[PDB]
Amino acid sequence: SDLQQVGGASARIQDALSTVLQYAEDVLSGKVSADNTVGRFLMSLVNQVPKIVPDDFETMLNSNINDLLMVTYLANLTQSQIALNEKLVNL
Amino acid sequence: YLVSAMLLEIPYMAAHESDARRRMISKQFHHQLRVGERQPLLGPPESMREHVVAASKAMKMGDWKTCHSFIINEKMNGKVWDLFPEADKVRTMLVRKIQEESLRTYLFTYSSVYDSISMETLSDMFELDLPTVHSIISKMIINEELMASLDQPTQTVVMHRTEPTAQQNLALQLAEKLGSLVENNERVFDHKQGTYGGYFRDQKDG
Amino acid sequence: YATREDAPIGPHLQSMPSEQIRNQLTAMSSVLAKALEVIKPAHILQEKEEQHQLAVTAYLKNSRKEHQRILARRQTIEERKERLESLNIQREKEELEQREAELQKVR
Amino acid sequence: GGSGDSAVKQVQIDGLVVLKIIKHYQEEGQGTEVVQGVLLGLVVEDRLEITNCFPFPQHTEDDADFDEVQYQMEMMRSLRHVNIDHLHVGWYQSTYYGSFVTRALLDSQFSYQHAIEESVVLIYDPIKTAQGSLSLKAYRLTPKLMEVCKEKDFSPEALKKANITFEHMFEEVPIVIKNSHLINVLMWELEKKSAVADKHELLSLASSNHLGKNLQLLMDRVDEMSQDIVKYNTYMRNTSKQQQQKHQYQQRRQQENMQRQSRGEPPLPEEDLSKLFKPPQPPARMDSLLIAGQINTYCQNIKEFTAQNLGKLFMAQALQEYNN
Amino acid sequence: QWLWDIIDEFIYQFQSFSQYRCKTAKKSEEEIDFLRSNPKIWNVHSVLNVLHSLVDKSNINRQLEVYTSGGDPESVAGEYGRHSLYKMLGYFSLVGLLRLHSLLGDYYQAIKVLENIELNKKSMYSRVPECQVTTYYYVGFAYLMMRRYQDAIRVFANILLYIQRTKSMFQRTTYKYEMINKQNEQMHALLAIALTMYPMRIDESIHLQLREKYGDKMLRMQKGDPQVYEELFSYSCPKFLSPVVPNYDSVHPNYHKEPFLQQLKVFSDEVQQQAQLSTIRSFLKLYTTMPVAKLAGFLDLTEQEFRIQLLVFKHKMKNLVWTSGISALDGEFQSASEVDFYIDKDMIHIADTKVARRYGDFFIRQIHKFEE
Amino acid sequence: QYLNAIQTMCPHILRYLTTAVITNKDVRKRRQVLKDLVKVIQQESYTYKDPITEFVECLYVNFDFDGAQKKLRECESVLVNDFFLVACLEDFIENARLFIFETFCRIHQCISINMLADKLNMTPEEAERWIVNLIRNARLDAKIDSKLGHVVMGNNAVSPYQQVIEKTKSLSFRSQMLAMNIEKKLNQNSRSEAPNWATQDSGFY
Amino acid sequence: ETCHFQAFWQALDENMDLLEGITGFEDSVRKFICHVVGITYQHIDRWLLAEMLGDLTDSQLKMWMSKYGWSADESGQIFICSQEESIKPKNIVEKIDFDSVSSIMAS
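Chains as they are written, first to last, in the working numbering: chain F, 1 to 91; chain S, 1 to 206; chain C, 1 to 107; chain W, 1 to 324; chain D, 1 to 372; chain X, 1 to 205; chain Z, 1 to 107.
Treat the hints loosely; a few may be bogus.
Simulated pairs of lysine-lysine, DSSO-like, Cα-Cα distance not exceeding 30 Å [stated by the list, open to error]:
#1 W:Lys23 with W:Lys9
#2 D:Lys112 with D:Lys265
#3 D:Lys257 with D:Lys294
#4 D:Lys87 with D:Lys26
#5 X:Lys25 with D:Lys167
#6 X:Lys185 with D:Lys176
#7 S:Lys192 with D:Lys87
#8 W:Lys178 with C:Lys81
#9 D:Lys294 with X:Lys25
#10 S:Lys139 with X:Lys167
#11 S:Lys89 with X:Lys169
#12 D:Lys182 with W:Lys241
#13 D:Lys369 with X:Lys49
#14 X:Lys25 with D:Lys182
#15 W:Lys128 with D:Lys354
#16 D:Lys167 with Z:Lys62
#17 D:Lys294 with X:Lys143
#18 S:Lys192 with X:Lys184
Stretch by stretch, here's where chain C covers chain W in the computed footprint (C-beta under 8 Å, at least three residues) [what the hints assert, rightly or not]:
#19 47-53
#20 112-123
#21 180-187
#22 214-224
#23 284-291
In short, the hints are calculated from the structure, not lab data. All C-beta atoms, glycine included, are put in the ideal place defined by N, C-alpha and C.
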């Protein structure tokens, strides 16, 4: 959870820096600094996270979460039955 | 006896590899297989028992052609098959039964990898007649042994991608074991509630 | 996505995987892939870290003062901890004698 | 006062300890649980402070075999000469499969805890549990079992110490929340090795990326937990089965035989009547599952609760990240 | 004589207490405060309210269903017995909701229902599961009467589930434990007949022991037999009204079957054409937009010659159970096939399962309390 | 006793038994009885064979639909020339066609209406109406694509979750009964620890 | 209730002056006819909508035409509702319940 909440912090300090790299051009001139340096970093970044953008992706992504959630659910189902057999023996 | 056990137990062991309740059909075949699997060096088979154990390993891999060469060699012919008054009828029947049940062990073992299969390629791969192949697959589907649908215009078998993952199989085996633990806790609860049962049943039913 | 495609426990070929999405991919990518962009180019980071440097200098500066006291205090802890804590675990193990010879006196 | 029960405080494990643990990280004892070292410390403010460890190696070829204590004696003198003293107040086995307190680890602990009651037993759990939660699992043994000391035998003192009903979901202490005061030097290295030599910092941090993408982490966790836990579940069920049958199902038959006698013969015994109930081994409450096994129900719920969590995080991140 | 020695001594003791109810609740603070202190259970004080809900209703139902003329029972109770207790200021406890839901029960048997609005509005105090399950009992029945089949069927599901986290324990559903089982079973069975090609929520509500028998009932009802119209309606009547006691069955007194003419024949009109709505939907809607092949295939299926196939077809689309359009030039029938949803059970279970863990972990820590 | 007499002395009576099962008016009785009929026909297939028994064997043992359809045409000649079966001809052919079709629809996900029209000796439009009636009567989840001339059967894949729910439904009810019985037993034990002294004080007023 | 509107206006006896004596009753039932027309028709024929409302003339139908904004279409039906506007499905779309489920599974 600390790796999570410094996660979006990176994206926030990214939002700070990409502003400054845009703003360099906005004021007078600049942005060599992101012409094809950070411009190539960011194309790579969006080719990683998220993936490409159809809606077949979105449904497969959902079906994967529905599977992961069903597995995470089944882990709590097993916690419940780890309990119930542990309990009747104690009775 | 061992060939009759091989043809019954290997399709059953392939289909039920995932199940916790392994019902051994032959205790003697399971003993002989465990003796052959305990030899650290397995040579080419010389004994009639080693040939049927080598054929049983090939038949779990779905290769009927190495199964056939271990069961129908010159050594096994002169030792077993030439003792029959009709050697060639029992040979052709046994080849056909190795093809028919190796198609089943192949389907049970490799279903997980196939999205669709044509009956034409199964006819060519197993050297079996298309009506026989269709009748076997139809019977596996009717027995709930194979999670597949049969497309009649294309003669393709389309698998249902409903096969449980190794984690889903461990969860299914755990659900069966939890059901068995509940069934046994209920039995123990009845034996406890039955008391101590000795003092409260002697005043209702003259 | 499964390891059925990948060959599950061993390649036999040159590593050329295409990109696939698995649990904690988009999570930990968004953590670090965005981090790197703010590390490698940046006019905002290095100043902050040069002032983090200054808070790091400050802590060693506070430390060298405390180190000089820990040179007195932990010296007095270290030497005594050889005696006292040994004498304590002595009495832990010597109690088993006191358990034994006392209980013998009962009967 | 967060301090522990009746001889000891909490524990604090100084960072230079845990550095020395991750040096013998998870090898020299991978598939075998090997006690990888003793935790040497001292009593500090509201806690112990493990300030140094030295590792205990063994004959690890592919099985573990205990060796001469010529190692430990010479090495605890080696500590004593430059540093403090032999002050072993615990121990750490990392080791094998996300945090699990085995019956053997409970027994080795029982010998350790009764001898020196200033103790915890650490279980240092790195990336193997998918890292994951409770990387440092402390756990000391209930002083109740150090008062109903040895031994939990199968029929007497299984039942009797089950009826005393000492804890087996027993409390585990927190380990860090504070300045250890050897933060000092390693603080000074942070400014050096960040920005202007962030090679080895970024190397460690980008380990995260490949904790997600590749081969079957949560999958393999849930796989090993599909096998580990069903093993334990089946064991309790067939253990409970046979004992509950000796408890009730056998009483059922023999008391219905006691019917036939008519519960008394006046001229002579009553041999048959006497020789009903003649002991089977469990009369009630087989203890080593009820205590030590149940410490691992707790650990199996923990592994499940661990493997779940990082899943929960992805199920937020995945949906959300693509939602833009 | 022993019959009406018991009956008359209930009412006369309730008419006694009715004055004490009105006297204590409104104004005498110190008498209420004195009653808070002395016992270890305020359960004795509260039970007597809705204890007299169902016992008084029994005794008044007897007097109702014995005297059918020169009505003494129904205006005495309606004016004095009910409204005096409820309309004026509530007692400060759950007693305010108890007297409310006692009144809601009394109001339910009478077929005058429209103030279900303001009874919910005066349920200001928090919905304890005790009061909440008994609210949804009647509120679902109110929706069943409103011809809101899709709403009422959900409301019956939760109250039959037995993971509304009931624990009872000390006699707050006593001697009618399985009435809550069989009435929710029965009234849900009627709603399934009307609509269902939607839920796919009947899995949660009713267990497979009963789903199997009630499943085939609906099919046998709508498709091929009016037999199920009889046996369903037999079981439905004691549960629809809830007449707590039927009077002594004998031919020498009449007196009882005369109220049961109205009571029963009132519910005849309900299930009559609402059932015949079902068979129209029963035939699965095979092709969503029907050309000449399927429209004639369905008009061969509706009724035969000649006279008046189209009329009857277009009468029945109106009701609620079709949405469609006619085209003139094409001659085409285009229609709406709507479906429900697969899994809604798992995510509702994720807390329910954790209650099996919870009260597991808790109850053994109450045993771990005692034998330690 | 009568089944043993048929199997031992008069296996030719299986013709009349098979015809009586196929021509039965109750569709539920017909489906239930057919499973036991098929076992008896298969046991006697070495002693007795005719087009009527072989029709059932082809359809329910061999799943040979083309053999079963050929045997159905041969059955018409047998039924017309049998003294006892002549009155059952129409009822037999109609119900036998329904059985071929119901079995075909359970195995095949996609069925050509044209192949069906040829097998029924009907026009494609009459075959389509006959399929709609069969789907209604059998409660099959099927979609007719009249433009493509195909009947697509719905995948009644019983979800693995639904099989788990059915197997665990008895376990959940047993667990809930066990929990209620434990809770009743605990509440009976806790009520026995209430000390009897508290009932004495109410005697003074 | 069974919505046999054709049979309703046939069934009427016109010698019962009480049914004339209820003010706005003759139009109220017509307004309920057209109310359910809007819920379950996408179009209706000009002759058809007339007959349901008691065999209306061309001029009488102008009121009912104008009432819900309905108007003529080519050859020659009266528009009632758009096809997508009538149906209103609320079917399969859920499994978006992530937020609550993770809020309860938070600890």
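Against the structure, the hints:
Restraint check for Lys23 of chain W and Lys9 of chain W: satisfied, since their Cα atoms lie roughly 28 Å apart, inside the 30 Å limit. For the suggested pair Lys112 of chain D and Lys265 of chain D, the alpha carbons sit about 16 Å apart, so the restraint of at most 30 Å is met. Between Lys257 of chain D and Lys294 of chain D, the direct Cα distance comes to roughly 50 Å. Violation of the 30 Å bound is thereby established for this hinted pair. Taking the CA atoms of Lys87 of chain D and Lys26 of chain D, the gap is near 11 Å; set against the 30 Å cutoff, the hint holds.
As the CA atoms of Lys25 of chain X and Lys167 of chain D are separated by approximately 52 Å, the hinted pair breaks the 30 Å bound. For the hint pairing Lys185 of chain X with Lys176 of chain D, the CA-to-CA distance comes to about 21 Å; that is within 30 Å, so the pair holds. The hinted pair formed by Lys192 of chain S and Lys87 of chain D fails the criterion: a straight-line CA distance of about 53 Å is larger than 30 Å. Note on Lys178 of chain W and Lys81 of chain C: the hinted pairing holds, with a Cα-Cα distance of about 22 Å set against a maximum of 30 Å.
About 28 Å separates the Cα atoms of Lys294 of chain D and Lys25 of chain X, which keeps this hinted pair within 30 Å; it holds. About 24 Å separates the Cα atoms of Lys139 of chain S and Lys167 of chain X, which keeps this hinted pair within 30 Å; it holds. Simply put, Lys89 of chain S and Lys169 of chain X have alpha-carbon atoms about 52 Å apart, too far for the 30 Å limit, and the pair is violated. A threshold of 30 Å between alpha carbons decides the hint, and for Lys182 of chain D with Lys241 of chain W the separation of about 36 Å lies outside it, so the pair is violated.
A C-alpha spacing of about 76 Å is found between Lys369 of chain D and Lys49 of chain X, which places the hinted pair above 30 Å, so the restraint is violated. Taken as a hint, the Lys25 of chain X and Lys182 of chain D pair is broken in the structure, with Cα atoms around 35 Å apart against an allowance of 30 Å. Proximity of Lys128 of chain W to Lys354 of chain D is assessed by CA-CA distance (about 27 Å); at most 30 Å being required, the pair is judged to hold. In summary, the hint linking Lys167 of chain D to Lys62 of chain Z is not supported, as the alpha carbons are separated by about 65 Å, beyond the 30 Å threshold.
Distance hint between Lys294 of chain D and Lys143 of chain X is fulfilled; the C-alpha atoms sit about 11 Å from each other, no more than 30 Å. The suggested pairing of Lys192 of chain S with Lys184 of chain X holds, with an alpha-carbon distance near 14 Å, which does not exceed 30 Å. Counting residues of the segment 47-53 of chain W whose C-beta sits closer than 8 Å to any C-beta of chain C gives 0, which falls short of three, so the coverage hint is violated. For the segment 112-123 of chain W, the stated coverage by chain C holds: 4 residues have a C-beta nearer than 8 Å to a C-beta of that chain, and at least 3 were required.
Here's how the segment 180-187 of chain W fares: 5 of its residues keep a CB closer than 8 Å to some CB of chain C, so the rule of at least three is met and the hint holds. Residues of the segment 214-224 of chain W lying with their CB closer than 8 Å to a CB of chain C number 6, which satisfies the three-residue condition for coverage. Here's how the segment 284-291 of chain W fares: 0 of its residues keep a CB closer than 8 Å to some CB of chain C, so the rule of at least three is not met and the hint is violated.
Hint check: violations occur at hints 3, 5, 7, 11, 12, 13, 14, 16, 19, 23; the rest are consistent with the structure.
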